[PDB]
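Consider the single chain below, provided in C-alpha cells and representing the form deposited without this ligand.
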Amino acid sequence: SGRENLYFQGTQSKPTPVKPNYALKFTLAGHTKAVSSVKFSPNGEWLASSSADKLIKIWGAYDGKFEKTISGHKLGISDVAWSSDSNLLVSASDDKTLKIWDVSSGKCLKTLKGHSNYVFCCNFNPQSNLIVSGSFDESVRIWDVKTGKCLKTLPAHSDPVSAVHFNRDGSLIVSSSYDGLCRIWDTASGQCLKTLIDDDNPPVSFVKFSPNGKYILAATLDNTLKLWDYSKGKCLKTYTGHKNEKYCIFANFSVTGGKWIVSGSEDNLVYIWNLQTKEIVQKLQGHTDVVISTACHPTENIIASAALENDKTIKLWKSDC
C-alpha cells in the first residue's frame, strides 16, 4: 500500500528459466464411467466435462464447484466443445449424433444427424456459426449451427477420425485419424489443401492448430507429440517421455504463463514440456487411470485433467507461472 508498493527487486543479467509449479486444487467427482473430454469455457468461468456415462457436467473453473448435469444422449459421449460466446456447447456421441446445448438452461437446442457411426470429436469455429465433427464413419462433417443442417461431408480418412479443429479465423480445418494422416481442409471449399505424414505413418491420435494458426500439434501412437509448420511441411519440435500407444489423448498449448505443451498420458500422469527446449518441466501425479484429456484455462495458469474408468474424476491444478 502507498509508496512502499514501488519496490525494486534487482537486476539479473543471466535469465534463469522458469518451471511451472502446478499443484492440485480440486478433484471433481460425479461421473459414473470414464471421463472423455474436459474443456474450459472461453470466458474462463466454467469447465465442461463429458463422459461414457452419457452425461455432461458443468463445474466452476476457479472453485471446482459442481453446477449442473446436462443429459439427453442415448449413449456415451466422446467430446464436448464451447461456442465463442460461452453460451452453447456441442457434444459428440456414440448415438451417432451431435447435440447443441444451451448451457444456461441445459436444454438440447439441435440434434445433428448424418453420421453413420459414433461421433468422436467436435469443435465450433471462432465465428461459432459452424461446427466440425469427426466420426468412426471416417468422414468429417461441417454443420450449420443455426439450422442444424450438414453443409459438407468430407471423405477425409480411412479409419475413425481422432480429432478436428478450426484455425484462428475458421478458414481451415485440421483432421487426424488412426489411418496415420493429418489433413488440412479449406473450410469454404471442402478441398484438402495438404496431407501431412509422419513417415512409417503411425496412427495420429490428436491434432490442433497453435493459437497463432501457423503450426499444428500432432500426437502419434509411438509415444510422440510433434509441432509442425504445416505450410512448410516441416517438423519443428518433438516431445516425448509420456506414454501414448492406444488412446486419443488431448494435448494443449499453455500460453497464460510459461510457454508449455501439456498432455495426458497412459501412465496416469499429466505431462508438461517447455515448448522450445522440449524438456519435461513437470509431471502431475494424482490420477489412478489413463489421463485421456487435459485443457488449459484461457487466462489463469490452471490445467484440468480427466481420467478413464478406474478413476472417473477431473482434477484442477494451478501454478504461479
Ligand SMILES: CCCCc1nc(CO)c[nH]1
The other form holds:
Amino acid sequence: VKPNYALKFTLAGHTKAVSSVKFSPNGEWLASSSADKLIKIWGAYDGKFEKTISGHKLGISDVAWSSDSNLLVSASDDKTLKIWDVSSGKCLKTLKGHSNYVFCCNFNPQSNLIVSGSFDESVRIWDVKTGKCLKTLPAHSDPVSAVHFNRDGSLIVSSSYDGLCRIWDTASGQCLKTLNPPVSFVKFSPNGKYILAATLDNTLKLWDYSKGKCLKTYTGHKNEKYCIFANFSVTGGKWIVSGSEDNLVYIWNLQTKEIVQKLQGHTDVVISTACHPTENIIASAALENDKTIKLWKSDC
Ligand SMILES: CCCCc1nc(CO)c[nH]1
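Mind sharing the form solved in complex with this ligand? What's above is the form deposited without this ligand.
Complete assembly follows, chain above in first position.
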C-alpha cells in the first residue's frame, strides 16, 4: 500500500520565503507565515485566498492554531509573538519577553497556553487571556528549533541546535527527560507516546519517550541546514511526511521506514509540510526561489 498524492493547487501571494503552513483543527483553513512579515489564510479544499493578517515588523518563522480554529499565534524576528482573531484579522495580544527572534510556537489543546522557542535559547509559556509570560525555561544552550505540546498539554517537547531534545512538565516547568548533531525539529506523535526528531545529518528518528529509545530511522532526504517540519499522516495509511533541501516532499511508511512517495514540483527547499486533520491532504511550502504553497490529495 502506497499513497498517490497528486498536485491540486499552487497558492501564490507571499513575496518572500514561506516559513510555516498549518491546517486549522476544523479542517477548513490553511494558515501560512512568511519572511514577508505576513500571515495568509487559504481555503483547505479549494485553495482560495481568504485574507492577509499583518502587524509584525519583521519576518515570521511560525504560526499555530487554537483548538477551536478561532485564534492564531505567530512567532517573529521582531522578538514578539502575536495572538490574532482569525475572523477579524485583529491582533488581540503582543507577547513580549524574548530577547531575540522567536522561531517556533504552539497552543496547548485547551488553548489557554502558548509555548514559544527563541534564538535567546529559552522556552516561554504564555497565558493566552492576559498575554503575560507565565514561565521562562532556561531550556537550551543554542537557538530553540521547535516546541510542541503532547495530546493533553501535560508535556512540552523542545529541540535545539545544542543537539538536545527535552521533555518538560507543563505545570512545573521542570525537565522530565533529555534525549549530537543539531536537532532541527521535534513533535509528539498523536498518542503522545513517541517523539519525531529531525537532526541536521539528513535523519529523522522516532523515539519512545517513556523508554528513551530510538524505534525508527527515516533517511533518503536532504536536511543539513534548515528547520524542516515533519508530520504523522494518520487519515489513511500511517506515514511520516517531511520537506527536503532537494525541493521534494518525502513520505515514508512509519512501520517499514521505506520511502513510499516523493512529491516533485517545488523549485526551492520544502521548509514546511502539514497533514489535513480528516482528509488525505498535504500542504507543502518552499523558500524564496519558489515562495508558493502546494496542496496535494491522495486516495489513502
Ligand atoms: C526561517 C525558516 C523557519 C522554519 C521553521 N521551522 C520550524 C520548526 O519548529 C519553525 N520554523
